[PDB]
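Here's a solo chain for you in structure tokens, the form deposited in one PDB entry.
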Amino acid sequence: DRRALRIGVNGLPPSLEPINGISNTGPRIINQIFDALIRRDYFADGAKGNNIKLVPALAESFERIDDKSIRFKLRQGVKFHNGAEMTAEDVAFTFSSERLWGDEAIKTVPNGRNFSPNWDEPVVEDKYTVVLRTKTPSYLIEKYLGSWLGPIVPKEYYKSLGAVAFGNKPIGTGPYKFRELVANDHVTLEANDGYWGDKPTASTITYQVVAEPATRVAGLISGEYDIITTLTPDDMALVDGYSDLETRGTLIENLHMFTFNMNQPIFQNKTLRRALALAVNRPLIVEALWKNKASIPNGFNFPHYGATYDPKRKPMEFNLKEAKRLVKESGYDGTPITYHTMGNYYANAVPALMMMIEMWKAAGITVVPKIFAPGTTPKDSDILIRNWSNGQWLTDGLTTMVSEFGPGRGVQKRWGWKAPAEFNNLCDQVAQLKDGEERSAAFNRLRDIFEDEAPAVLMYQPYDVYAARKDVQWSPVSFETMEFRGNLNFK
């Protein structure tokens, strides 16, 4: 009989429905209940959990048929946890206007269109064949289907409950099936021994909420948990001291930044935005708070972007001489500028802010913290500077320079960034182009416009730390999720 796995977690997601559950805490549970048509093989070819190789999963085979359509041949006889057979009807429903991207659908799945390409209606050609397609050119359909957008839901069962009720009683095809949810306390899953893939190695997996990281460290020391989540490099020394325990860390595909409400007169133009960007000494922050474990990216550029990653890109400029020149050029009069942060919701948010307040003071700018309480929502008119984070969810450069800072999106529409026409033309174009010299050059150029305009200032790629018993073999992956397929063995 297999061991029961117990994971001490920072929290539980608001839903277990694949899109509504998208969060720092959802994917780790959702990845076990559901399968996608394509799976990202993080450990392929000896990689330490960071490979972007996409391999077929519920799709037995696929063939791209033109610049915007892919014919998928599905695995036959695969069952959902309730006994329903997985067919083209279910895959077409998953990426349909009715469930995901239509006007009525986004009323219950609010990010269904935001995390999707320009989908056209799926076409069911036979019981196990479906064409997934876009209205305009798209060579990213494969990447979107291998992302957190991809999980396949059962048509009849999902339709009879709806997105919110499905999220509290989810049915998928994955290696573990939903047993129970006690809101903000635990989610228990039980082994799906009818799983089309490899036999699950745990009898059950419990995701138990433990708000305090110190209480989680004690839970691992005592024997309440096998694996614990959401630690920082400072907690590594206490855990490693125990010979039967060890820390397991990795860089995650997320980016910490600060952004500006550009409707405010002081941030309507790029001048003072650039001054605050050039005054930030990023290695001094990563040395003092992240134990040099965080990585400072060279532009809005990451190795998981694949063919749109530029390793020869120069790092982001730190120049206090230029920063002081821009402060005076902007007409900045010395009024304190607020920096909103909901405490340390993002790791090291307040200590990073306090370090930057000194670096901005050196440049001639007074920035004060506006530490808002959990449960509060500051009104947009009261925001000058605010911290933010963007999960780089696709294995492509589109997420999040285009998906967040592009045309019609919130940074330009809600926060007022007047982006140059070239940025919006290249954003619309790179969504359509296939990987080549033209696509890679357009991203390198978009990155340059991003730095000149400074609608956000990138700080660093965070370092996520897990801790686990040495008798549980599991390696983390470079994304905010947990993968147990070919990566969960008990000693």
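Positions refer to the first chain, counted from 1. Note that the rigid core is defined as the largest set of C-alphas that superpose within 1.5 Å between two forms. What changes on going to the form deposited in another entry:
- Rigid-part assignment between these two forms: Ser330 and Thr173 are grouped in different parts by superposition fit.
- Relative to the larger rigid part, the smaller one turns by 16 degrees between these two forms, according to C-alpha superpositions.
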The other form holds:
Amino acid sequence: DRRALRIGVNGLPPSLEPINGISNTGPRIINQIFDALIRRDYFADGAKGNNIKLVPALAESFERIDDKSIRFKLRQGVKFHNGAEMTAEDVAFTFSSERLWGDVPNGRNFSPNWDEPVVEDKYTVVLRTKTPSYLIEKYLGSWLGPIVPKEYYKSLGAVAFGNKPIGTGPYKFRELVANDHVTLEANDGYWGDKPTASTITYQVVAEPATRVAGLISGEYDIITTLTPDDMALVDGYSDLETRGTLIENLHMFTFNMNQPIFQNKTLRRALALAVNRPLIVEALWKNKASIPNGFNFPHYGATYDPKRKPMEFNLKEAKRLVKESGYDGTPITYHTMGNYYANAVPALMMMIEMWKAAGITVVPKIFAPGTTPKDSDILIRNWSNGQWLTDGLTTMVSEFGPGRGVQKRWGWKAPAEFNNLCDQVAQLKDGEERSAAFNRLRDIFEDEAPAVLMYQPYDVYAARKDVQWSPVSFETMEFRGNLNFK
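Output the structure of the form deposited in another entry; the preceding block shows the form deposited in one PDB entry.
There are no partners or other molecules in what follows, just the one chain.
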């Protein structure tokens, strides 16, 4: 009776464990298998997929009890896909030190300074931080929020769980063939709205042209990760149409600052100032992508500055910084996994011409999916950052802050003021002091260039008109109240 939904995707996450799966590819599957305590209701009050409104989901209700603690009263009788009941012990294990120190390597890095949860009774749990945090609600309504089954997860382990996941969500896991496909089936025991698809298959078609062809042949219902130039060919078919939105993600490139050439900021800044981002955005994105003024976005709220000035493209100063660095003309690789990111390779080719004008030789190192390149082989690599809280702390603090990946793993030796301001904004209410501390972090980041911010992508999907689904302003696919078949 219900139609089978087929989605052609750019890739699959390494795992379906909610934290390990954090990437451009995981949420669109994880969002279907799991629910969090709080859900971002993208379409609430007439919004077109961009509403920040957080509403209770596995939590029937909640109350903030002090500046570091929230008491959650859970929905009763909700079942995981294996029959076990969702209780306070599952929620406590989800945000426990045992689960978040998985060796799940980024559980600790993305999380606030959680104190241990308190199970007050079967359906009541207090989630709390060791220091004051006014962001707890936002953290529990984000991609960190999915609730996992304690006993099943403990018996399997994080990675085996990530291959056979069990959650409470509208679609249950059926099968996975690594780097090929994931198939989910409707959970007719779902506590929320009835799932409208019989099955949902996510099938990897790494090349966009082959993926557009699949939609025309009728092998796919929806396809992901297209560019604004693909819209003309697709929209020509009366049966098909494109659906796009400006998402809360940033396309960027970053450096292995352990490498001697990038241990200092001089050549990082030359590589940053030589990029003419408005020309790339015009030529490849039809001006649909948006250049931000540092890590600065409308969904941040009180920490968004509309009047902030952008970083200027300056070839003259980039040439002078190249000369100043002593750069001897060694070709620098730029690792890119094909077009995992929309317009990744055409943007790199344009930037190579801009870097050549500055006197820098950058060569592409296109690597196939499945090839996990070693850290030592990386010089420049592309990346993206999902701005995953409706707040300024993510991703300037969460990715580039003290003790986290960019500084520890990739060796960015950040200034003292930056790291102190990162700690201060975690324990600080919105207002005048917080807003200026974020514009100070933005100024330091611009001067050090541990990464270069390209643009906020205009995320383009394509679909059959007989599949009623609207994209959301994030790197996921929401089908709750947003998936009908004509």
